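Once you've had a glance at the structure underneath, I'll fire off some questions.
Complex shown without one protein chain; remaining protein chains in place.
Lettered A, B, C, D, E, F and G in written order, each chain numbered from 1.
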C-alpha cells in the first residue's frame, strides 16, 4: 500500500483580521468520479486511463484540493482571510471544478479545470490547463508535480483576485 | 478493465457576468439507464444492444456530458458565462436529455437527444440526431467520435443561442 | 443476455417556442410490477404470463414509455412544446397508465392502458386497447411491433389533443 | 414459476370531467398481509389456508384490484370519470378494503370486503360477500372466477353510485 | 406450515349514511411483542408461554383484530358507520390494547385487554377478561374460540356504545 | 427457549373521564440496556450480573412494565382513568424509571427505581427500593415475585396520588 | 462473560415537590469512544490503554453515569428535584463530560472530567481529577472503586450547588 497526500502549506503568523474585510470562502472542489475516488490515475492513451491499485490518496482528492487551495490562497493573498468555511454575508465566493489530475503516457502530468468567483453580483469564470514534467518516473514525483502545478494555478487565481480591488 | 472519459476542452481567459444577461446554467444531462450504467453500449440490431463489461466509463456518463457541454459552451460563447451550477436570477436554464450515445454494428456511431432552453421566459425546444463513423477497430476510436459529435451538438446549441436578440 | 430499448424519435429542427403557448407536460407512465420490471413478458394463457430470462429492457419500461411518448407527441404536434419536465403554470398535464405490453400465445402483441388529460380544469380520460402481429416469431419483432403500436396510440392522443383548441 | 394477473377491461371513447361532479378517485385497495403477499391463497379448512409457492401474482394483488376497479368503474359509469389518482376538489373518494380473495377446498371461490364512499360530504359505507364456482381443476380457472367476482362487485358499486341524485 | 386468519364478517347491505352522524373510528389494536408477532402462543404455566413454530397468523394479529373489530361493530351497531380509517372531525375515537390472546395448559383459551373511547371530550376506559373452552385440543379450535370470544367482547363494546346516545 | 411475561391484572366496569381531573398518562417506563435486553438478569456479586440466554422476556420488559403499571393504576384508582396514551390537556403525567428488576444470588429479588409525577403544575419526585424472596428454585418463581413487587410499587404510586387534594 | 453495572442509589421517601422550585436537569454524560463503548479499560502505560474482552458494562457507560449522577444528586441535595428529563423553563442545567474512568498499571483507579452548570444565565465550569486504590486486584474492585469516586465527585458537585442559593 502507498498513500499520498498533497503537502498543505501555511502563511507564517500574519494573523489577518476582518477589519479590512477581504473575505473569501472556498466551496468544495468538485471532481468527477474517475479522480474523486481514492485511486491515482495515469493517462495511457487519448481517452484511455489507468487507475492505480496500491497508489491511493491519503484523504479524498476533493478535500485535499480544497484545503491546499485555502492554504495557497491564504499564503498568496497577504491581508486576506480565506477559509473553507462560511465567513459572513459580505464574503466573496469561489467554486472550483477539476477535470484532470493525472500523468500521461509521455511522462507528463496534467492539471486542468474551471473556477468561478462571485464578488457582490459580479461573476467571473475561467478555465485552466497546465502541464508539468516528471524528473523521475514514479508516482511520488507524479504527486509532487501535481502539487506544484496546483500551487501554480493557485498563484494564477491569486493574481486574478488581486487584479480587481 | 479499461476506462474511458470524454476529453473536456478548455479556453483561455474568459469573460465576466456583471451584465447578468450573459448567464447560462446547464442542468445535469439526463440519460436512460442503458446509458446511465457505467458500461459502453454497442447497438447490434434494430432494438438489440450489447453493454461491454470490461470497457466502462471512467466516471458516470451523464456527469461527463454535463461537464463537456459546459466546457464547449464556455468556449463558443466567449461573451457568456456557462456553468453547471446556478448563477443568478435572470440566469438562463438549459435542460438536455440524451437518448442515444453509442455505436452501431455497421461501424458507425450515433448521438441523439433533445434540449430545452429558457431565455427570459421564452422556452425553446429542439431535438437532434447526429451520426459519425469510426475508422479504426477499437472502443477508443468510438469514444473519440462520440466526443466529437457531442462537441458538434454543443456548437449547434451555441448557434441557436446566438440567434436570439 | 439480450437487452431491448424502444427507438426514440425526433421532430427535425422545428425549434418550437412558447410564444403561442401550447405547453404539454408528461408525467411518469405508471406501469404495474409485471411490466415495470426489467423482464419482457409473453402471455401464454388467459391469465398466465411468462417472464423472459435473458430478454430484458435496456432501461426500465416506464421511463422508455415516457420518453418515447414525449418524442412522438413532439413529432405529431407541430407547434407544441411537449416535455417530460414541468414547463409552467399554464401547461396542460397528461397522465398515462399502461396495463398490457406483451405478446400472446397466438403470436399477437397487445398494448393497452388509460390516459387522462387536464386542460385548465377540463379533465378528459380515455382507455385504449390495440393489437399488432409479428411477421417473425422473435422477441426482436415483438419489441418492434410494441413500438409501432405505441406510435399508433401516440397518434391517437395527438389527434384527440388537436381536436380541442 | 407461474404468474397470474387479473385482466383489466377497457371501454371505447370515454367522457370528460368539465362538469366536476362526474369525478371519482379510487384510493389504493387495501388487503391484509395474507392477500398482500405475492402468493395465491387456498382456504383448506375453517381458519386454515395454504399459500401457493410457485403460483404467484404477476404484480401485487392490491395494485391489480385498484386498477381493475378503476377500469370497471370507468366502463359502467360512462358519464363519470373514475381514476386511481386525485382529480379535483369536488371529486369523490372511494376507499375499498378486501378481506378475502381466494378459493376454498370445496372447489369454490370467495371474495369479501367493505367499501366507503364520500359523495359531497355524505359518507356511505357498505360491506359485501360473493361466492363463485370454478369448474375445471386449475389455478387459472380460480383467477378467472376471482376476476369475474371482482367485476361483479365493481358493478354493485356502480349501481350504488347511480342511486344518488 | 399452518396459517390462521380470524374470520371477518359483514353486515349485509345496510348502506349506512352519515346523515344521522354516528361515526366511529378504530385505531390500531396495540398488542405486545409476544402476541404481535406471527407466532401463535399457548400458555404452559403461570408466566411461562410457548410460541408455536408452524402455527402462525395469516396476517399480523393487530391488523386482524382491528379489521374484525371494525366488522363486528358495523354488524352490532345498526345505523352506525364504523371504519378503521378517519371519518371526520365529529367522529368518536376508540383505542384498544390486547394483553392476552392464547390458550392455557388446562385447554382454556383466554382473551383480555383494555379499551378507551373518546366521545366529544368524554373519555371512558374499561378492561376486560374473557375465557372459552376448546371442544377439541387443536390450534384450529383455539383460533376459532379466540374469534368467538373476540365477537363476545365486540358485543360488550357495542352495548356500552349504545348505552350512551 | 423459555419466555416469561408479567401477568397484566384487570378490573371490572371502570369509570369515565368527563371530569378531566381524573386523568393520568403513564409514559413508557425506561430501563437500562441490561434490563432493556430481552434476557433475564441474575445478580451474582456486588456489581456482577448474569443474563440468561435461554430464559427471555416474552415481549420487551419496558413495555411490559408500562402496561402492568397502567393496569394496576386503573385498578387501585377506580375514580381515575390511567392510560398508556395521551388523554387530554389537564391530564397528569407519570414518568417512571426502573434501575433494577432482577434476582440475587442469595435467592432474593430486587426492584428499584424512581418516578416523577406532574399534578396540575406541581412536580413530585420519589425513589423506591423493594426486596422479595423467591421460595422455590426456578426462574418462574422469580418472575412471579418480580410481578408482585411491581404491583406493590404501583400501589405505592396510587397511595401517593390519593394523598393530594 | 462478566458484565458490570454502577450501583444506583436512592434518597428514601422524601417526595420533594417543585413548590420551592430548586429544579435540576442532567444532560447526557458525554464520554469519548474509548470509554463510551462496552469495554472496560485498564491503563497499562502513559498513553497506552488495554480494552477488556469479557469484562464489559451491563448498560452503556454514559447512561450509567447519567443515572447514577441523578441518583447521587437527588440523595445529596435534600429539597431539590434532580432528573435526567426536562423539568421546566425555570430549571438549571448541568453538562458533564468524563475523560477517564479506568484503572492504572500501579493498581490505582482514576476518574476525571469536566462539568458545566447554567443557572439563569450564570455559567460555572470546573474540571476534576480523582483517584482511588483497589484493595484486591480485580475488575470487581475496580468498578466498585469507580463508583465510590463517582459518588465523591457527585458530593463535590452537590456542595458547589448548595454554595450558591
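Following the convention adopted for this analysis, a residue touches a chain if its C-beta (ideal position, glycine included) is under 8 Å from a C-beta of that chain, and two chains touch if they have at least 3 such contacts.
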Worksheet, complete the sentence: Filtering A:11, A:44 or A:122 for touch with the omitted chain leaves A:11
Response to the item:
Sole touch to the unshown chain from A:44, A:63 or A:93: residue A:63
Discussion item. Applying the definition given at the start, please give the residues of chain A touching the unseen chain.
Written reply: 1-8, 10-19, 23, 58-60, 63-64, 67, 70-71, 74, 81-85, 87-88, 140, 143-144, 147
Worksheet entry | Contacts of chain G with the absent chain, listed as residue ranges | 32-36, 41, 45-51, 95, 97, 99-100, 112, 114, 116, 121-129
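Definition applied: only the chains that are shown with their structure count from here on.
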Practice prompt. Take the average of all CA coordinates in chain D, do the same for chain F, and state the distance between these two points in whole angstrom.
Written response: 47
Worksheet item: Using the average of all C-alpha atoms in each chain as its centre, how far is it in Å between chain B and chain C?
Response: 26
Worksheet item: Looking at which chains touch which, would you call it a line, ring, star, complete or other?
Response: line
